[PDB]
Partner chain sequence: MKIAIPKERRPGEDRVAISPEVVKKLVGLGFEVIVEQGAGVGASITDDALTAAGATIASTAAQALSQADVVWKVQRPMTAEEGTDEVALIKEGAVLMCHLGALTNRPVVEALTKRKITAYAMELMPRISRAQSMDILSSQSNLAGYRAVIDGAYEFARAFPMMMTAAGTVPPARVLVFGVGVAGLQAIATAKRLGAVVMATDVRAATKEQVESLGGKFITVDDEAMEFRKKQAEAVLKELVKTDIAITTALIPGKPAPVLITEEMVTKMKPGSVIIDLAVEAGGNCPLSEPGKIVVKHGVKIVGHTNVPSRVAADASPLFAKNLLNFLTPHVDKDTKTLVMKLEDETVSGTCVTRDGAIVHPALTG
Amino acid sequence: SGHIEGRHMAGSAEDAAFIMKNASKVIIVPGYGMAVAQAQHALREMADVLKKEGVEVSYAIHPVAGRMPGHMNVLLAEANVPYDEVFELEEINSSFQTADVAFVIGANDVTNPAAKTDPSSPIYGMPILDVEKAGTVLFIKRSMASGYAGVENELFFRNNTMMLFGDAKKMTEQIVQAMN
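Going by the form solved without its partner chain, give the structure for the sequence I pasted, one chain, nothing else.
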């Protein structure tokens, strides 16, 4: 079950399931990690279970999420994710405040303000996804390791942030199992 370690909260697949299954609105934020693990299909399945529970689901895509422009968009289309449920940062970033949960799967730098300080990086000076504005922020990643930018993400310490350590595909599959 869930336990606190260091300055962060480490939740479990069941915690994630319980929280999202009982939320009214969830915003999914995919990143590099989802591509490494090819978790898009499991992710779309999870969204299906949630929508079946009456939960409102949508996806927020950062301009440089992943490792090529439009990387997340093609992976989501691949998983048969409804095109209308996918939004670019500029048109969904203001919606995080009205969201109960921000499901960040395999993303880091695109939610980190400290990531766009390097002029040699693709994300330099770009806006960031305000996942904090949501009731709860769930991060799926294998550890507390940094992203491409190589900088710490302080969101991992916020009060409304729960870390779900594990492979993006494996963890998402466990969440799906715990849900139905």
The other form holds:
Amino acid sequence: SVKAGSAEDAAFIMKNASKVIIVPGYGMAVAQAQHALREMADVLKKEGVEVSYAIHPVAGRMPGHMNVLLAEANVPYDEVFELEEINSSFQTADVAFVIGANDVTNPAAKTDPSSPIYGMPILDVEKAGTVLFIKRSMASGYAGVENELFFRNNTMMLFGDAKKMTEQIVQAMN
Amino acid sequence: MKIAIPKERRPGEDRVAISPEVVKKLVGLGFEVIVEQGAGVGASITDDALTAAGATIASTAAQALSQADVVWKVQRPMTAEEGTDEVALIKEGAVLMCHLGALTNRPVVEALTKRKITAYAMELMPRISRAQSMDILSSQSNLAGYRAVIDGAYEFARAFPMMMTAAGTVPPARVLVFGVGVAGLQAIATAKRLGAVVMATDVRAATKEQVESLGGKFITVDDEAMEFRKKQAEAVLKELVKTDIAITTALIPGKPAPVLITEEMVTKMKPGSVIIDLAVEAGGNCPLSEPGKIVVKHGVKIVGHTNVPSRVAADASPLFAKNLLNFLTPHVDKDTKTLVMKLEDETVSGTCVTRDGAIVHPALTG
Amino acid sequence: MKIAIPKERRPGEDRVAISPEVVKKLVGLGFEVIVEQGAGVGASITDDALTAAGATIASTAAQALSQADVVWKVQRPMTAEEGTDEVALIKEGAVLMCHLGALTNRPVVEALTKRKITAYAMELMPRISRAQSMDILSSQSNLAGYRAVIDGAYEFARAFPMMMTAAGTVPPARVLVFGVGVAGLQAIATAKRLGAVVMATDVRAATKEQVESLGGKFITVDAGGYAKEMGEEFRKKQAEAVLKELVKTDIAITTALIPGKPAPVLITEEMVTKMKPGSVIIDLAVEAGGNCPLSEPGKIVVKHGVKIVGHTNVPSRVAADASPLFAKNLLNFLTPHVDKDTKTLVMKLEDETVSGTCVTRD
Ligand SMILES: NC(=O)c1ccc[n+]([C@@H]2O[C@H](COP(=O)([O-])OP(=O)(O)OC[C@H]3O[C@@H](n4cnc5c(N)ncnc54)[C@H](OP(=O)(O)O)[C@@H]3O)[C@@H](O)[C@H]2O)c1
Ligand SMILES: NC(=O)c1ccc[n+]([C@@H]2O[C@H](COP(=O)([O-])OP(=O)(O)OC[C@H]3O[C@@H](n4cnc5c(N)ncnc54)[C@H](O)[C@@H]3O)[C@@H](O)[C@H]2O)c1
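Starting from the form solved without its partner chain shown above, please give the structure in the form solved in complex with its partner chain.
The complete assembly is shown below, putting the previous chain first.
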């Protein structure tokens, strides 16, 4: 019933990875963590790690919501990818840093035909080595439904605010 | 079977229900795409690139729709009662997909019914996650929100971004967005990136987070701190008085646009300012705005362009074409060239207005 | 010692050589400031705001320069030959400062001369650095660059920023800026802000790094403050590595210019005719011949599926910000010569700020 984690943890998980792809969502924007994320990334690919962004079409609360924020923080266009031209890369990825996402990764979209989020395509974060969720609590997202991916083998719960929590994860990663 | 796209005859409507990318997908689904020539000129889609995609070109509207089993367009077809009978051109028994504006245009719905046409009014699309790729309401409103800032920048005599120069400093433009739906969100985004100091206000309290998620500053009478709290409009006025560009996006389905800026208010504003009323086609959020023109009183340019999305027809169109295609694809099949709409599909039951001679949709007094 | 600011009359001019911040500072120097009523309408500067600043308001333009010892204006005065002799109002024996457009308007230089008026053409300012704060070229051309991306965006049927949406991805507008000077750099900045993918080229070497630190990507082709011609052999080598990007470009802003000469041709028909349909070209050099032949001053031209914009007096399309700035350029030029309480302008003469600026000083 849910595994939790801390800044140092995540710092470790991601620091010793080959491929890590970010997954910004409405959370990442409520906390205005564009830059903190842009940092954790350039000093992740500084070690040598492989970084990319998985922008899901309805991420956030408006069309292009993650796009404007990432752009404000200067994340190179060629690092940002759309749900389709990248969903196949999670399989061969060590970590899926889900900073602010939730409903966008919920597998109940492919499964439980009883759900409100049924049918909507999603990024394959579950098909990744290890998941790294971030969120102030255990509340649901827009849809208002628990994301089962929340508690399972490689799913972490780095509870807290996205800007702070990403700011610390940057810190303990020098 | 045969699907066809005509040119948009309604005045000041440069959009088109098609795109190269989508032609190729339609073809791929066993269709025979036909499009009236020059139907995408205003959207920068040439018959050349349109054919190069897999689509045949027709000389006239009449000829394109001639014998199509499925027809797509952006605005509802024109009836005989309007001067041009396009609905007449559509083949009897055909399928029509477009922005019908059904619940607000009983006539066209009836016109279509005569000819036993089956119409799916895209704007009635259900709000359900798996259909966000089918929502034309947000795809277009989104580009219109973008456009308001651009139109606003255009009419304002100062730059948006603050600029420190050798000759001195010029302060940032201040924007105030009323209504935080999709259009207003993209507005805040576009204004901020340009460098404006954006403020936003909306009666739905859940709005504060959204607004802040874009860098905005929600307007609140927080003497309190989330009788007649009606003096909320005094916090607003306090900000509107320092505003340079004010963008109003409040809209209600089937009812007149709710006044958001009283003339009594446009007076208290500063000379040189401009108000963008995306609600103009519905009475406007500002009673001074006039459908199609930029009126000036009290020193404020109250802009009221109509069909804003069309002002971004080059992008508006392909998005719109994708909405149509995503709606249709799940119904095309083997029979290897026939389409069937399972009535169990909510997407089909809430979008359909009339089927084979009979207005079906509940809300339409039948 | 009075100094007044009339109301600009030339068509389309909404700028004014004055602002509250500067009136308060001119009063401080000892001048009584007189401004024509309504003179600030276009620049949104109100009469009441100029009043509270310390200036005096004049009922008519006629009554304005009527006693003014020094006159500040944006554009060069209109001779009787142009419509209504303004040089005829300027109290004979006074000093007039403004964008006189000296070098290419001898007819005005002689009109002010019969009035025994001393004028300083602000565009002739030396390219020396202690003059940045006096350069009306830079202050105005800086807002022009901003306004280009805007006008460009207004005429473009697409949106600038990339947006991944439920209906597909709207790709980023690709902008190309010809001439990375002051206006070019601002255009690059403003274009990037909106989310475009900016491309830039210029003949000057330093240029390349400035483009890289603003976010742009330099298109490497192949002087006391600018550049000279490059010759037909270069222009060719240019259009060669330019065209490659020019085909994918959505908005192209040309700003190249060449001291006392005609604007360098940068985008020929053979080239516009190779751009994607719907594209837009903003020609900021149009009043000097443009960098693209097709452009025509004061009008937008559609040809070959391209929109070649070419407004005139772009800085006036940003009047409200251009004014304060132009106004301060004047204040910074004048102040070093107003002598320590003597209510008199002793223009240093040996000062290159005064030498290469004064056209007539009867
Ligand atoms: N794209 C659009 O235009 C649009 C429009 C309408 C609806 N939607 C819907 O909204 C969803 C968007 O996808 P999403 O992944 O972003 O889903 P959500 O919107 O479902 O996910 C929100 C995530 O952010 C967290 N959060 C809130 N404040 C936070 C903070 N300060 N720091 C860190 N986290 C914070 C939430 O939980 P905590 O509160 O526990 O932190 C949660 O983990 C989709 O379900 C879509 O159907 C999208
Ligand atoms: N006194 C001062 O402080 C001062 C005043 C003015 C200009 N400057 C300096 O001068 C430089 C430029 O000033 P400007 O913007 O006013 O110049 P400008 O407006 O006359 O030049 C515009 C641009 O045209 C470019 N250009 C001309 N022909 C070209 C061709 N064939 N191909 C490509 N590019 C071509 C120029 O090199 C320049 O960058 C800047 O680096 C600026 O700082 C300094």
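Positions refer to the first chain, counted from 1. What we label the rigid core is the largest C-alpha set whose atoms superpose within 1.5 Å from one form to the other. Only residues modelled in both forms are compared.
Once you line up the core between these two forms, the CA of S121 is the only one from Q38, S121, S146, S58 that shifts by 2 Å or more.
On the core-superposed pair, the CA position of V49 changes by 0.8 Å between these two forms. 113-126 is the sole run of three or more consecutive shared residues whose C-alphas all shift by 2 Å or more between these two forms after the rigid core is superposed.
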